[PDB]
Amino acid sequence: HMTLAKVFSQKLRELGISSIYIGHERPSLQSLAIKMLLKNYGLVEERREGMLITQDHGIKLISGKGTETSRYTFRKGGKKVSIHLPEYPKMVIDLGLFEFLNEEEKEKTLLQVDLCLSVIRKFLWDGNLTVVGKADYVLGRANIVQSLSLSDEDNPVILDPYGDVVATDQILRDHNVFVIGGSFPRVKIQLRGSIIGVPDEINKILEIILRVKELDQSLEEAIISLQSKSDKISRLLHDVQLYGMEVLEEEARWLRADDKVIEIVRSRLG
């Protein structure tokens, strides 16, 4: 779809603005826009000089002292830019069954939901995240609702590792609402025919989907980038039981698996 950084940059050019003095802020449009949306930060109209730090989506981000010309500086208290924030995608986490679980289980689930905020703010913004079915929960500007209300422009899918619809670049790309649990299609992410090795963690699933949608990355590469040592180990082990040792070496270069992983997988066999 569109990242917050991209929408921000298109509005900025329209007005006529292609340089910002950022002073002491992380020099990324995403970060700057998030900050503007969440704090009293904004743009102040002032003429300043600097050197380039970067050229994000075509906008010269300035600081320090040099010879690059800013007409606008990003400052605590400046004026907001007004940007049609992307309605989509909407990432929904369902906490319906939440009080089936153990105390220790609830603390793990919620820690995982907490980390979603950081993922959502890496591409979109808090508004694109919704949590359903727990009303005392508060996660920055996430929507916190008791039940999910569907609109005509919503085209949703349920992420379910026991689903009957295998996920695909196109299927993730052609949908815009995604429900991840604590009557639409129930969609299962596999690695290469299998669910084994696929990260289990709510915040990792969410990040896999966004990588595919916002960065134009493949599902395979997305999954692999987000695996833990344990995901790789468990998958190599499985596949060596299946296909034998000839598989090990090459399937480790593909899983991008490091020495420690391969060491361990050897050590389990002999």
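In this text, the rigid core denotes the largest set of C-alpha atoms whose superposition between the two forms falls within 1.5 Å. Numbering follows the first chain given and starts at 1. What changes on going to the form deposited in another entry:
- Per-residue Cα shift between the two forms after core alignment stays below 2 Å for all of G78, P89, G163, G127 except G78.
- The two forms, fitted on the rigid core, differ between the two forms by 2 Å or more at the CA of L43.
- Relative to the superposed core, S63 undergoes a C-alpha shift of no less than 2 Å between the two forms.
- Shown in the overlay between the two forms, fitted on the rigid core, is a CA shift at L32 of 2 Å or greater.
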Second form
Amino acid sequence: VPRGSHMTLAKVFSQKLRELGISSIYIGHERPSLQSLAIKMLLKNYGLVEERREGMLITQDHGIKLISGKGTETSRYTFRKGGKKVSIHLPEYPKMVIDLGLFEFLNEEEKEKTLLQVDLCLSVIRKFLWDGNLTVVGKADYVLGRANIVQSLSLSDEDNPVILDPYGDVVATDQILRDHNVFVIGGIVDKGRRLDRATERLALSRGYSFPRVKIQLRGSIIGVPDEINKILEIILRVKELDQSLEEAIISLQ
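Form deposited in one PDB entry done; form deposited in another entry now:
No partners, no molecules, just the chain.
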């Protein structure tokens, strides 16, 4: 599941490394992606250790060389367990919002599925961004890593949301997804539309209306996942991997 050249978390991590003059890192067995390395440093107690090493050039990610094993490249910093953290400016955008305002209107099968799907969204977000870009709204009691849990949607001047809905009137294109920075996935209800109830309460109260977008494959909902965690990964494959919407949908089968 290969990396993008321009991942948000990678951008901010490399900003910081250039600031420190570090243009090369020995990564050992780690995945050659600054986004994955960021995740390990933030969550799993990894950091940098000063040491000279030589290795082969695996990849170069926003101008930072990632090397391992043996070869002619030099590094002065080595990524490993228990090394020093560096501070990165964690990205606000994009924001993924799961809207569980509908939870109590759901039957028992729908609840069980939903909770699993939402749980799995933590692993999805850790693949492309990190926990803090995921928000769950409408169940104040939910816990999910370092994801933001809020009873109600608190919404800023700069949020530019689109709601994912199979019964939306706008067809999704890579263009429309590129132009939004906030995505709201509710739960399927009455085996029909995808209901974002907490977001709806806020919108109805303030006279906002957010575009509602259906994802199609070749002019149709045939082939397109209805799992929350897979919708999420589609969005992120388009936004962070510059993958086309069509190929993003194929990837999730």
